[PDB]
Amino acid sequence: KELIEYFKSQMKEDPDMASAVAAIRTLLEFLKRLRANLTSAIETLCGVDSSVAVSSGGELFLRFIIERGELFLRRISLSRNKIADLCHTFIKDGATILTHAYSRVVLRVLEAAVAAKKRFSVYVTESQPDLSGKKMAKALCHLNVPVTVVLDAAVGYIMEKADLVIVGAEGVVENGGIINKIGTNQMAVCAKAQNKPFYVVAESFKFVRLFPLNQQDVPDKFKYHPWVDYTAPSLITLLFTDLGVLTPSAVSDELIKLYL
Amino acid sequence: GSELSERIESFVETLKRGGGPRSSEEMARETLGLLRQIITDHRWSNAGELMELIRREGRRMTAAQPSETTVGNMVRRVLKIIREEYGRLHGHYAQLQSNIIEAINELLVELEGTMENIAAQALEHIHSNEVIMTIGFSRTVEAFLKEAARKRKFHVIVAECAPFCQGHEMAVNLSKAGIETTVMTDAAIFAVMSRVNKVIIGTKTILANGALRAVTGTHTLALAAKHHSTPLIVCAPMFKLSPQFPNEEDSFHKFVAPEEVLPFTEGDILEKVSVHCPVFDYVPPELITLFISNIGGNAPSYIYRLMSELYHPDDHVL
Amino acid sequence: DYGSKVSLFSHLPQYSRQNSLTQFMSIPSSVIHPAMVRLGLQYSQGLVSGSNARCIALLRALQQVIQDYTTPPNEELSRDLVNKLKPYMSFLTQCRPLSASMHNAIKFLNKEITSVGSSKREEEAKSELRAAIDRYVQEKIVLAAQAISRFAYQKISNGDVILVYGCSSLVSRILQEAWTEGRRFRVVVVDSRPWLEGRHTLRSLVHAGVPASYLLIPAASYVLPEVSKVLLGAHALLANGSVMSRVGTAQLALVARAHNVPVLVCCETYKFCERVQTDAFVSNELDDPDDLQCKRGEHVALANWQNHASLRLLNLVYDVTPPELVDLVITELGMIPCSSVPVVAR
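Protein chains in written order, with the entry's author numbering: chain H, 4 to 36, 45 to 76, 94 to 252, 270 to 305; chain D, 8 to 98, 125 to 351; chain F, 172 to 517.
Hint data in this document are derived by calculation from the structure and do not stem from the laboratory.
Possibly wrong hints are sitting among the right ones.
What the hints assert, rightly or not - In silico DSBU-like links for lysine-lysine, alpha-carbon gap of 30 Å or less:
1) H:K189 <-> D:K287
2) H:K224 <-> D:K287
3) H:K120 <-> H:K189
4) F:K176 <-> D:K184
5) H:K4 <-> H:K35
6) H:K249 <-> F:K326
7) F:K257 <-> F:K282
8) H:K224 <-> D:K259
9) D:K231 <-> F:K176
10) H:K163 <-> H:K251
11) D:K87 <-> H:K110
What the hints assert, rightly or not - Under 7 Å between C-beta atoms, here's a sample of chain F residues computed to sit facing chain D:
12) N411
13) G412
14) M506
15) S510
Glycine residues also receive a C-beta, built at the ideal position from the N, C-alpha and C atoms.
Produce the entire structure from the sequences given, and follow the hints as far as they go.
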């Protein structure tokens, strides 16, 4: 299209951002050079990059919005630091961390914990569909952390050796659940069956107007061998966002206040 | 002032050494009076100076003893009141103090009569010939139970505490009320958890996720209640609300001398045996049914709504 | 009271359908307005049973009374209207216990009356009172139902199997609107003795072309595995998040949870109550025990149940539903979790 070149260039240039961040950059960089065309750009960006984060970021930008556009990304730049500072406290010395996929937010949380003079072990899931657990392990090993990689089928075998579970989230729904990698629901079920804490770390621009009841309520445009799944809010212990620590039952009020 | 400094030092020393007043309401009243005295006889012109002085004093008092939370709650409420008064007067640097004194008086008159409001709801929750199970000594729970005994007759089961048998005083106080109570050891909590229809217990503080920090052994009672599906309802005042999460502080259960558990005259084996005597336990919010407050019974999932209006989020760190 | 009640329900009244109190009343009633006595007779006879229908009838009777009301000399309308309406409410409660909707309506009417200006003319007071009542009825029933139906339409897909219980004017409207929009599905109707109110909605669905099935509540476990979604109505919303509805609802939700079936509850914002309840014993309504008699075979087993001193008949009507068994609650403002109704209601 007329913006896919910018989208691909932005994805290639800097690796720190996310798909939603890249969509936001494309949007406010094309803003200078309106509702209908902005909505069309958001729709085509979501069609090219099938992820709820891109749609959430585009909708939040459209609601928030030239002088007012800088505040959104200036805030979300330090939102990750705020979330890491809030979340690094909950890690104790000698604990075992169980991660599933590769996400920069939990990497920042773990690096803040290790900078706070703490020692812990990390278990990562290899992420069979697209190998990302190996990438996360290779990016975390040079932090002087004893990180090991396990199989997707070994989640239920290492559950008894883990003290707490920390995973990311690509989107938060009204009832308080999350939309994460396909192998996240089984990990949450296993953690619940063994009374293991389940901590979810996510930002504020990943809120969607979705109220799924099961795995069939997720829209087909987001799952596409599905790529994502739905996690019940009853299997989540706590949520760490830039708006402070939130209980699963308190996500609905914050979503209502944020105006999706 | 010299009097202010000496009063602050005396309060800090008496809180750190062995604690102040036994009842939480008296501690809250003393803290509010100390904060009002600090606000009144001090030199300041901008609200920021008063806010930072109050924050420093609250930090010192909290560092004196982390087990208690009433002082921190009072400091947070005073800071929220000061912020709201500044916002009202600005949205004012010489008459705002009168507003602080008026608001402190309003908080005091709302606070000291909390027990009457808590006990005015015993009829709807206690019925005739209903077994009630409780553990420890709680003034609020005692007032809740003794207020409904005039109209209805029921049975109360009291569980003692192994380190300090403070439940026997509650048992005898309820027995001298025409209530027909009974007492037993801590090892029979699950054994008699069959004919109990309702469980009412107190707490020291309420966490930000609806969790509780009650006396030791309450976790077992909550687990037994969940296993037998008997509802567990806790009546606590509004000043026991702490806007904090259990972030692995490891100071949740304060430890005392092992003399209460194992006598010093045991012999030479004391050099090898390691004895721990915790006094508090952690109760997850999933084992709580209802929370009695001055605004009526609230679900354990409604604590964040009260926290959003009680304490400013910028003062959560203090 | 009629008959002998059980020990657990000795604090609740138990009336009879034939013990009408209009016999000891003047035919041209003057102490009680004819509209109120007619409404009480209809309530006792069971002519009106819907939760919204009773409130609509009560508000219509109140409007009729206000229309033909004159102000007493040297007495303000706002200071005496409530005192005059109080005996009417007491008589209506004596005829049949009120519901949450009626309580909310009378509370709103009292608030409106107390706010009437003293200098306002009596005819103006009556006209504005009638207009306010009509606007309240509109915005609280016919504007809320459309929003609830629109919100629930997004949760209905082709091939779904929806299970309903009892009779509800809101669930039926949602189902008919969904069928008219273009959705293709089938409904399951569950009934319980002795009201058997689900036959009304079964007939309504049949005449609308929507396929339906009929079975009793003891056999709900046999049909739940093939049921995709469960739609239930609500009579009142409590302050602790629990839902008060027909007595056959809590066990249905429990069995649905045991079968891993989502449970949806639809209710309006005007049915919220500032009350906390845990069991159906502290607050309930007892109906006529004689309705439990059944014509099975050639005789009735409970024809002379009163002749036995140790025989008791219990006729629970309402019950409470814990929030743990409710997944989604749909109101007129949007879809919300069951554990978040006090935030939006107040």
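Unmet hints by their number, sorted upward, for this structure: Number 14 only.
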